[PDB]
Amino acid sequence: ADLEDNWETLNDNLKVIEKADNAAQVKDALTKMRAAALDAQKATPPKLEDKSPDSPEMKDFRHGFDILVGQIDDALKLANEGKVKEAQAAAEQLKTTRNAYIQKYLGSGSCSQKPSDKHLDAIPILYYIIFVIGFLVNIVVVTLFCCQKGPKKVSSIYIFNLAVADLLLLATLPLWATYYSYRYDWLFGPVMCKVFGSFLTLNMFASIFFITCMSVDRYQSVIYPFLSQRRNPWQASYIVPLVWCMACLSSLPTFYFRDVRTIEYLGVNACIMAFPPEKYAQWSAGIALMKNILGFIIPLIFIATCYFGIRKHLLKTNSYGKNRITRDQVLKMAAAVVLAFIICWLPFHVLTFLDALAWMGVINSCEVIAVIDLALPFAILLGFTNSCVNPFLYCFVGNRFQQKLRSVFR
């Protein structure tokens, strides 16, 4: 009777046809699917709930099941004729109609306006602007560590590692700009959908985690000033491989779920997160929650604790003259890294959380969902913009941070 119960019946019986031996097992599973499809056709989905049945989107919902019943009948005729393997092969087309429903009515397909007025759009233009700016500033930091500075100092190792993680992350921007321009048509294959997808997640986490390491190292330098006096930076050689391995382990679900799947309504081959279709909404909300916790929640708490910790040790001294001037300058540099992390990542994680609620069934309003969809590529751009801000805050401007920290300590 219920829409959730009807789609559970449709998915469970699709697996039965695959495991079926004779025509009787195929006929039984198709009849159960035929009854569930006509029952779901009568029901109203959580999305577009406050809409009349005469509406074109409601007419399209009923028509979606008319294609499904028509496809069931074609396979049922082969099953009634004795053709077992032919009916099972015909039942593979039902999976395409099933995937069309999860993309349109469970996803943002029916809400967001599909027609795209692509004529040198702002997204590919802004993506290439951030690319060349970010690539040029990060190349300077990488080339400086190679033949202009050296491999000395604890903090300096993290500067180079953050610059490499940022450079490789910004290097993926021309791919996404081309991917956007072709109306989400992945022209690299299902193998490169996993490769580029994981490479993006790996370098993104490596960037975020090295920012976290910088905050911990900056905090440790204040509370324990004896650490900088140490001739040997023993922990640095073990922290760097651990962070890269943590970024690799975090990019594992990306390598497992990313795959090129055909979008039935758009008529495009998109590199999407191919979760099990029977529990697609649950997986989409779970991974979106994982994005917020691991990529924003845990690092922001670490970055803030380190900032308030430096503020606690500095403000209790009650300085006068140049000691007060140099103190305030250190506090402005320490606040700049926490502020830049918020401005650049908060819009994305808020929209990711709002999108997670849309999958669960909390946000069903198409007006809200349409805004989330068009704002998302701009929010993604802000995440990449953090990689352009990083060389300035840590290498260029943040070079006098260690000198001013040694000035207040004398």
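Numbering follows the first chain given and starts at 1. Rigid core here is just the name for the largest C-alpha set that superposes within 1.5 Å across the two forms. What changes on going to the form deposited in another entry:
- A hinge is where C-alphas change from fitting one rigid part better to fitting the other better; between the two forms, that place among 107, 382, 260, 48 is 107.
- The chain behaves as two rigid units between the two forms, and the smaller unit swings by 18° against the larger after C-alpha superposition.
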Second form
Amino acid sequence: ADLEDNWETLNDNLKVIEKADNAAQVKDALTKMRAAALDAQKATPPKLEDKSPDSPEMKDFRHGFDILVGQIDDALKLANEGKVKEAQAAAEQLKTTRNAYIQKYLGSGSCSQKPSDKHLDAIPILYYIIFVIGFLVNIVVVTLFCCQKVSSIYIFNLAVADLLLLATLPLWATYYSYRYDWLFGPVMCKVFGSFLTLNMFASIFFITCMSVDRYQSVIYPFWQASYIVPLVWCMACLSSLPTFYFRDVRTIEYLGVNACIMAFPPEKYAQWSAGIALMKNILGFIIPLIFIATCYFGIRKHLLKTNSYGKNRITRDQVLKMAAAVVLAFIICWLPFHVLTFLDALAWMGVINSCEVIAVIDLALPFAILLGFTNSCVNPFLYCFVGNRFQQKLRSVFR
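What does the same protein look like in the form deposited in another entry, given that the last one was the form deposited in one PDB entry?
The text that comes after this line covers the one chain and nothing more.
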């Protein structure tokens, strides 16, 4: 009798029609669907719950099922006439009506405000400011090898991953400016969508390599790079496959705009939205932060286990300052984004059903995304512009 369970009854029986052999299978499935459609029409969605029945958005909700039951009756007509392929063709029009629901009541469509209502002129400006500043500081990192170590190889790969990540900012600023109207074709929606995720993870995984490398340099003062570097680009490539698979241009009917969305299976759209959001947290923040934090306290342990003289005290704390800066910068730049992503996942799970909260997440998200790119501006100062001085202060305490 629940709305979510009735859509499951509608989508499971819609699959039966596609793989049906005889007209009796189609008729049976459509009879179950007509019952579920009328039962779902009586239900009230979790979003716009405390809403009057005479309201236009509640009258539109029940109207959607009048269209749906009408399409079911046209397919039932054909099934009873013994017209299987005709009924299966008529039943395929139910998907168009089902998609008009998932982009309205299932999501923050008929909940949170439209992009036109939440458009700030500062966002495209801020995105170009971080683009030119971040692009020029990573140009220094790369050209610094020309005018002048296994660790240096990870620096270059980090600078390349950062420099290609920041190179996508002119696209998102343009896409935001045209109120989410993708004017580059659906092919570049998959390609640059994947290219973004590829270099984002390549940045985060090479940050993780640096902490493991600096830790292994502290605990053990004393071919690995020629296999770890291709492997880091391999894992970033595999982590960016769900982006290539689901990113696609789809027309948002109530906005009349072609948006580069995450075109998930409509029959399990909330499940996928919640699932992929958890993948972002675990794979992009939780797991790399476990490594970065463990390597910090791992280094912090060994420096409090060597010597405590006054001359070697200054040298010890400056190594710890460089060590605490790589963990704090990663948290400040990526924690706001993953907090909003975890809250977003709870909204798809049905935990958060407040449009006030969901609206906060929507307007905060373009800013939280910018801090993620801002981490690529910080990396030159954390690793390249310190690596030359971190090495001599680590050899001083070791002697």
